[PDB]
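Just the one chain here, laid out as structure tokens, in the form deposited in one PDB entry.
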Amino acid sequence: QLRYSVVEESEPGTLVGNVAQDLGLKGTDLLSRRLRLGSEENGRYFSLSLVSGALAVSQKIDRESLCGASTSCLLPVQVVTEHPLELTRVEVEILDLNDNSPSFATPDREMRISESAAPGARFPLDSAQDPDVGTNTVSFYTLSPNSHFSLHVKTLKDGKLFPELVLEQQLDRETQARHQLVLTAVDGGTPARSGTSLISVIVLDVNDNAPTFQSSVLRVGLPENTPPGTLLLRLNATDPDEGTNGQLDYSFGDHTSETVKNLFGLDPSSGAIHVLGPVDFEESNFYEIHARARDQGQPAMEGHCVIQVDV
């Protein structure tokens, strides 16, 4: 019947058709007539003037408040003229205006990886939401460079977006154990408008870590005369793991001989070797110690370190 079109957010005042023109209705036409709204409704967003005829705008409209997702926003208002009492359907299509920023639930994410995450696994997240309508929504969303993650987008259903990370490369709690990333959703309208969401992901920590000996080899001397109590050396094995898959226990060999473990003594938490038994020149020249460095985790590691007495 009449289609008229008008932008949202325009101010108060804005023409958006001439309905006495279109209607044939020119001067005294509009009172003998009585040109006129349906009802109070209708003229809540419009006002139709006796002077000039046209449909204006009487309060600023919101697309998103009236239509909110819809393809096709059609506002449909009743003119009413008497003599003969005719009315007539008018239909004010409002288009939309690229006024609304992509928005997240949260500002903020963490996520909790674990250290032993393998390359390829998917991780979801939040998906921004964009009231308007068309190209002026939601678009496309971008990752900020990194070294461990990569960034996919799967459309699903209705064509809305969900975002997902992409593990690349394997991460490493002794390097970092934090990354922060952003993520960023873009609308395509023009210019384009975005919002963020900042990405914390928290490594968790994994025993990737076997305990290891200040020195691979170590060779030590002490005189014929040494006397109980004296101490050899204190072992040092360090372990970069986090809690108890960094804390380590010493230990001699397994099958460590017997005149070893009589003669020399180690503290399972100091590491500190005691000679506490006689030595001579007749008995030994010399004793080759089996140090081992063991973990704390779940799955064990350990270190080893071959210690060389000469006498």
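Heads up, when I say rigid core I mean the largest set of C-alphas that superpose within 1.5 Å between the two forms. Numbering follows the first chain given and starts at 1. Compared with the form deposited in another entry:
Comparing the forms between these two forms on their rigid core, the Cα displacement of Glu283 reaches 2 Å or more. Relative to the superposed core, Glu40 undergoes a C-alpha shift smaller than 2 Å between these two forms.
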The other form holds:
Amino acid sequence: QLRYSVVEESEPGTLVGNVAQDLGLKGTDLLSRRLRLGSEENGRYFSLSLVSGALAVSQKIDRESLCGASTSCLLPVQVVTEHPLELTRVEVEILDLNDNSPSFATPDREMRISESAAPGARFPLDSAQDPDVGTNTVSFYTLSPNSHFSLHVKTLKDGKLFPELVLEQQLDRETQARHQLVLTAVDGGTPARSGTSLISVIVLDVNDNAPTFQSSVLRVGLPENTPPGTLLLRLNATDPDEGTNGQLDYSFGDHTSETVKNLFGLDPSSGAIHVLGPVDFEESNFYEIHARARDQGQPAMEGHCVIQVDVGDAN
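Right, the form deposited in one PDB entry is done; let's see the coordinates for the form deposited in another entry.
Only a single chain is listed, so you will not see partners or other molecules.
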């Protein structure tokens, strides 16, 4: 019947539509025919003047309150005019305004990702919300430039955007334990409104590193008269991993001969190797020990060292 429109959040007293003019009532006709609104509920947001005959906004209207996420917001009101008693249907469309900014559940987020995460891995992200309708809702996401992660936004059945991180490079806790990203949600308004979420990616430690000796090959020389308990040398292996993954225990190689095992002995903790038995040039001029540092992780890693022992002559 009658169709008018008014912009959301417009200040009260804002003209909506000249009902009297569109109905043919002039001056006295407004009082004589008693120009009214349907009920008390009708005049909650609107007001119809007996003087001007103009329908205007009574209370500040929020489209997010009335229609929520509906595409079209139609507010029906009845205009009653007597002599003859006739009712008129008036449909006032509340035009959406871009007054809402994209919002996140939390301003800062922490994400814990395993160091062994293979590239191509996808991690979902908390989407942003924007109660506006049409293009005035969330339009796109942007991820701050970084070296390991990428942004992938997928369109859903609801028409809602679903953002997710994509791993581009192998993470390494031993270089940087933390990454910081800025996820920005932007709507499609002019000017565009936006909201941010700060993501802190914590790289969880994985036993991906094996112990390493200070020297891959070591060569020492000891006199033939060296008594038992004499300090040959102390091993120095290091592990960059965290916790039990970074602690190690020294031991001989699996293929180590019993002669060496009886001659030398190593402390699995300090890595100090001491000579237990007697040494002579007659027996053997050269001994080659295979040192091994085993990781206290899971799975266990291990590093290998080679010690070269040269024995002096008798008499």
